[PDB]
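Asker: This is what each chain is made of:
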Amino acid sequence: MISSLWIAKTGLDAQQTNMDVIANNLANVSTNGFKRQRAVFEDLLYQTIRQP
Amino acid sequence: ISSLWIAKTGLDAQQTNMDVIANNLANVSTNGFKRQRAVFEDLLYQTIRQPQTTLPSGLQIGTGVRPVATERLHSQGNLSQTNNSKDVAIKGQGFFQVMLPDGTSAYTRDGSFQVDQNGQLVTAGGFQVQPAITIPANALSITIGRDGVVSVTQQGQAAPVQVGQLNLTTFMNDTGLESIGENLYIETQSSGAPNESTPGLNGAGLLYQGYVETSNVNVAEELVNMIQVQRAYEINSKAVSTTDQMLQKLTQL
Amino acid sequence: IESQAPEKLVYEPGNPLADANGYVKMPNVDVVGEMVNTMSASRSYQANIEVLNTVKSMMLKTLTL
Amino acid sequence: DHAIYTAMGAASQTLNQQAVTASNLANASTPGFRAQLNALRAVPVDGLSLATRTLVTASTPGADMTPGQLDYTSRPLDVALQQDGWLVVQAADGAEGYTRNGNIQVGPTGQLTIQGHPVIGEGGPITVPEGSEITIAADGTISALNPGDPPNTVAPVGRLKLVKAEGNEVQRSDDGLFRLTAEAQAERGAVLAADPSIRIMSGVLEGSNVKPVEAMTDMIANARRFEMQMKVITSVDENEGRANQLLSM
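Chains as they are written, first to last, in the entry's author numbering: chain O, 1 to 52; chain T, 2 to 52, 59 to 260; chain f, 68 to 132; chain c, 2 to 250.
Next up, chain O with everything else stripped away, as it sits in the complex:
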């Protein structure tokens, strides 16, 4: 186990999906009656360290 690997992986996944929706929006620029899409992100759960 390592702390930052599974955080950077999630960041890569988020950027990948953002690029995916951008490419989808760009692909159908000549279609009729289409609406652009925007993805919204959010942070995951937080772990609290207990202090004295």
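Hints are computed from structural coordinates only; laboratory data are not their basis. Treat the hints with caution; some may be incorrect.
Straight-line distance between alpha carbons at most 20 Å, and here's what the computed PhoX-like set of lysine-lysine pairs gives [to be verified]:
#1 f:92 - f:75
#2 T:256 - O:35
#3 T:245 - c:212
#4 T:256 - T:245
#5 c:232 - T:256
Reference excerpt, derived from the structure (chain c facing chain O, CB under 10 Å, subset only) [stated by the list, open to error]:
#6 68
#7 73
#8 120
#9 121
#10 202
#11 212
Some chain c residues flagged as far from chain O (calculated, every beta-carbon gap over 12 Å) [said to hold, decoys possible]:
#12 2
#13 6
#14 9
#15 36
#16 72
#17 84
#18 104
#19 176
#20 183
#21 187
#22 189
#23 201
#24 207
#25 213
Ideal Cβ placement from N, Cα and C applies to all residues, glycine included.
Go by the hints and put chains T, f and c onto chain O.
Answerer: Coordinates of chains T, f and c only, in the frame set by chain O:
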């Protein structure tokens, strides 16, 4: 073994620092996010021996380093245009209020609102906005001015009809807020008792329609801190290696 | 007797043994000290064994007067 | 002569602690895993005079409840608990075990399961429709949508049961499901109550929590202590062997 314990504490501290750096880097495109920086401190000091001109000749051994807190830089982020008509951005201080499913109340900062099937105003995720603004059907246009008033127009109406006001809350000390997941904060003992107010009064902020507040993450700062964390980790591993060499030689002889 | 030197203490809040400050006490043992104590004790043991052997031999030979 | 026994016991307990650490390291990727702590306890023996023997026996207080990271697999029915959430499942003998492994599987007959153990929610072991898509809410509600049906036919079908445990009152079992200790069980009842303060999220799966730095330091310390104990054994044996010559005449 004392060196081993001290170096273990140092490695754990560096691990937590790298963790918070990675967390800041990950959500670089999350609306209404504030960066965090971790602060460390020393542990207790052992006094093994009490103290013409010579050195004082006193011994005082350290113990190690522990992380104390992670402070969030509640600065002002940039505003990016999404061209939508139901998105708002905070200019200054203040947090929105939303209701969790169990019944308690939690506060958010980013603005990205949809309208549920009934007509009420909810955030992206289903949580209902506490002031409970309801937008009826046939809403030709929705307006959210620099003040909290929300006004909807209708078919063949000379003047728009007001459907509520979006007051927002303020805290005495916002750095002490507890940040649960999903872009939410809950009141704690650290932060003072929140007080709600209309925008533009009692130090509250102003609402801009059609813009969202981006996170204030400094990529160059994070990269430099990451390089320093890696180098400090490499330095600290040498302490463990040398202590291991000493112990192995002692056991052998 | 227990050594009067102050025991070490390390930081560990997630342990029920920790006090109000999150410090758990650990023994103060000098590993090198114990090693050299074992060495010196073994050598003195050998010396006493040799002394006893020689004295036993002399006592045994005394009876041949 | 008996000073050899304390040293050999220390060496054996060091070997046991090394085995525990190796077991912790081995399953460094099993989802919903809790590491095993370890410590050494002094056990002095009170004889008649000059109490100079203090043995040592390895002991494991229990699992440390620091949550690990969670991978975003985007799977619709993968849940991750909160700081102290616990999915309640039915074990092999009917006891209610607690886990953090959110990887939920569905059988052919719509029966939910986790590693062969049927998860119990509000009521009994919850069973969803035969082949419907399943979605988990932010607080444990289960929604089912029969495939092919219009999207406005999604219906709640059950609710999970999530309990909150502090962490210092739960002990591991042989199968690997945490259960309350005797005192905590007496104080809070035989079976816990589904508190509504716990919230979960779908699409993510929590990993294990094992610290490589702690593992490495523990292994190094164990090796060094073993070497020192072996040296003590050698010295005691040599001294006794040379002392037995005194017995001759």
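Asker: Against this structure, judge whether each hint is valid.
Answerer: Each hint, compared with the structure:
Pair hint residue 92 (chain f) plus residue 75 (chain f) holds up; C-alpha atoms about 6 Å apart against a cutoff of 20 Å. Note on residue 256 (chain T) and residue 35 (chain O): the hinted pairing is violated, with a Cα-Cα distance of about 72 Å set against a maximum of 20 Å. Proximity of residue 245 (chain T) to residue 212 (chain c) is assessed by CA-CA distance (about 19 Å); at most 20 Å being required, the pair is judged to hold. Proximity of residue 256 (chain T) to residue 245 (chain T) is assessed by CA-CA distance (about 17 Å); at most 20 Å being required, the pair is judged to hold.
A distance of roughly 13 Å separates the Cα atoms of residue 232 (chain c) and residue 256 (chain T); the hinted pair therefore holds under the 20 Å criterion. Checking residue 68 (chain c) against chain O: minimum C-beta separation of about 5 Å stays under 10 Å; hint holds. Restraint check, residue 73 (chain c) versus chain O: the minimum CB separation of about 5 Å is within 10 Å; hint holds. Hint status for residue 120 (chain c): violated, given a least beta-carbon distance of 21 Å to chain O, over 10 Å.
The criterion of a C-beta within 10 Å of any C-beta in chain O is not met by residue 121 (chain c), whose closest approach is roughly 24 Å, and the hint is violated. Evaluation of the residue 202 (chain c) hint against chain O yields a held restraint, the C-beta minimum of about 7 Å falling below 10 Å. A cut of 10 Å between beta carbons decides the hint on residue 212 (chain c): the least distance to chain O is about 8 Å, and the hint holds. Listed as outside the interface, residue 2 (chain c) is consistent with that label: its C-beta sits roughly 46 Å from the nearest C-beta of chain O, beyond the 12 Å cut-off.
With a cut of 12 Å on Cβ distances, residue 6 (chain c) stays outside the contact zone with chain O, its closest approach being about 38 Å. Every beta carbon of chain O lies more than 12 Å from that of residue 9 (chain c), the smallest distance being close to 34 Å; the non-interface claim holds. The claim that residue 36 (chain c) lies off the interface is violated: its Cβ sits roughly 9 Å from the closest Cβ of chain O, which falls inside the 12 Å cut-off. The Cβ of residue 72 (chain c) does not lie farther than 12 Å from every Cβ of chain O; its closest approach is about 5 Å, which violates its non-interface assignment.
Not every Cβ of chain O is farther than 12 Å from the Cβ of residue 84 (chain c); the closest lies at roughly 6 Å, contradicting the non-interface assignment. Annotated as non-interface, residue 104 (chain c) keeps its C-beta farther than 12 Å from every C-beta of chain O; the closest such distance is 16 Å. Every C-beta of chain O lies more than 12 Å from that of residue 176 (chain c), the closest at about 23 Å, which supports listing it as non-interface. Listed as a non-interface residue, residue 183 (chain c) keeps its Cβ farther than 12 Å from every Cβ of chain O; the least gap is roughly 25 Å.
The Cβ of residue 187 (chain c) sits about 25 Å from the closest Cβ of chain O, beyond the 12 Å cut-off, so the non-interface label holds. Every CB of chain O is more than 12 Å from the CB of residue 189 (chain c) (nearest about 21 Å), matching its label as outside the interface. Residue-level check failed: residue 201 (chain c) sits 9 Å from the nearest beta carbon of chain O, not beyond 12 Å. Listed as a non-interface residue, residue 207 (chain c) fails to keep its Cβ farther than 12 Å from every Cβ of chain O; the least gap is roughly 9 Å.
With a least CB separation of 7 Å from chain O, residue 213 (chain c) falls inside the 12 Å interface cut-off, contrary to its annotation.
This entry does not satisfy hints 2, 8, 9, 15, 16, 17, 23, 24 and 25, going by the numbered hints stated previously.
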